[PDB]
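First, one chain by itself in structure tokens, the form deposited in one PDB entry.
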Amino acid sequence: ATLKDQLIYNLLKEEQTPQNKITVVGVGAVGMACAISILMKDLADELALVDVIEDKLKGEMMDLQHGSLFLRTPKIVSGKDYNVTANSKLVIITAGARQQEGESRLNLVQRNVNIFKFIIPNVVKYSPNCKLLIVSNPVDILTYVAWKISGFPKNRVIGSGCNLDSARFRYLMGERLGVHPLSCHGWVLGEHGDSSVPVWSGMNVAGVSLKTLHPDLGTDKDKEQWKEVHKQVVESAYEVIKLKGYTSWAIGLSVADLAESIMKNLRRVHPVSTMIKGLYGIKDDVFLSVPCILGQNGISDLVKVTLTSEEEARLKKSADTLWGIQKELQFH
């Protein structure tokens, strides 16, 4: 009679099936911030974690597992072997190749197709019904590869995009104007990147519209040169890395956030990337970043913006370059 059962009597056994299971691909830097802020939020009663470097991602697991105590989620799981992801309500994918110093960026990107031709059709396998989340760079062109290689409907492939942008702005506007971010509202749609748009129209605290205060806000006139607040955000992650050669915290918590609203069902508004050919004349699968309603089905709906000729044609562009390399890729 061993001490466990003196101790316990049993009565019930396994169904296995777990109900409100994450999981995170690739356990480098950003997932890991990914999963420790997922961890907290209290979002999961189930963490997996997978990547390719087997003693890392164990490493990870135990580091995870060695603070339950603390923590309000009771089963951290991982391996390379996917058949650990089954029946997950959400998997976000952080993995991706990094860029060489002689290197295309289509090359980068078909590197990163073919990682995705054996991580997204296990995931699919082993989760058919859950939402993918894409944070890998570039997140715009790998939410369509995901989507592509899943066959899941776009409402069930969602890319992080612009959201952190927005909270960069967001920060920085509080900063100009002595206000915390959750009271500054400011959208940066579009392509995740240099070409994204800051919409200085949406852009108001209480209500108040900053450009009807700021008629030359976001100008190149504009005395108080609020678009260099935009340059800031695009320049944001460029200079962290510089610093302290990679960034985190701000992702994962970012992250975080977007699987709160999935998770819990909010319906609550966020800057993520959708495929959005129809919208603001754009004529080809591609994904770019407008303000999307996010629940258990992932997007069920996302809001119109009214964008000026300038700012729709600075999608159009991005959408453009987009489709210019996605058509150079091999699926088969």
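Positions refer to the first chain, counted from 1. Basically, rigid core = biggest C-alpha set you can superpose within 1.5 Å across the two forms. Compared with the form deposited in another entry:
- Taking the core as reference between these two forms, the lone member of 108, 205, 217, 234 whose Cα moves by 2 Å or more is 108.
- Once the rigid core is used as the reference frame, the Cα position of residue 75 differs between these two forms by less than 2 Å.
- Once the rigid core is used as the reference frame, the Cα position of residue 97 differs between these two forms by 2 Å or more.
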The other form holds:
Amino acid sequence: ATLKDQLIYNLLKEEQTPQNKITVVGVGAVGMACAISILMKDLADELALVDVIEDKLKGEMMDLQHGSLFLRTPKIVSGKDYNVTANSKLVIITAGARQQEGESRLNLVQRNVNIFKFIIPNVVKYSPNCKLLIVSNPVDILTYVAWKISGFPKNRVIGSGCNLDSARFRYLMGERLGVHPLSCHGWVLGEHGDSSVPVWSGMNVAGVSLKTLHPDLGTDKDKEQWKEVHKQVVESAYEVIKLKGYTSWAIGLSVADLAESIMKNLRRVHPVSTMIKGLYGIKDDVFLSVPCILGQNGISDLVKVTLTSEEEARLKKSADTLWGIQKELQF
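Return the form deposited in another entry of this protein as a structure block, the form deposited in one PDB entry having already been given.
Here you get just the chain by itself.
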């Protein structure tokens, strides 16, 4: 008779089943910043970790396990076999090649498409009803790719997209204005990358259009060069990579934000990568970022943002660049 049976009288034997489980595959910098942010936001009762490097995977899992006393996620599991993934409400894909100093996120597509062909079919086998949240770059195209490979309805295949870019916009907005970013509003849409589109017309504080006040806003005739805010937004990740090697913390927070709206059916509005064929005169299966209502079934709605002539061209230009790569993708 163990110390345990002398101490604990058991009322029910080996019966479980996970209720709010999250999986992250890829325990690199992004994957672990997603994990830690999701754990400290109390979003999962189970967190499963997958990667192809078996020792780093076990070490990252053990490290998190050792801080369980400070957490409210009672089960953390890992392995190279996707059976540890079974019955995930949400699966976050951060595995892949990240970019070099100066490297376009688009240049990583074939290398990442090549590992999505193994990851995506396996994620679906053990979690057929999950929402798929793609973070690996180029995020817009790999969401499209994950949607094609999985067979999932498009509402359940979501891309990181421009939640981060818009967060960066709002941080820079608040910096200029001496206001917290929560009370600074402005949206960066389209490709999470060089061709992203700032929607100047919807930029506002407490409901007052900055464009209306300051008509030159977002143009080259602008004496204050607010165009430079969206420039910093584009260039920010290149700067961070150059400075520290890679970005991780912000995207982890960004992904935790999306997880939270999904895991908790909040029906909040985020700009995420979704299939936009049909709007602004795009006739192809292009994925890019528009504001979407996120909840327990993924994307249930899209906000039809009205754009100026020029904004619409910029957004279609972004879709043209994107679809060109999608066209000759092979998988």
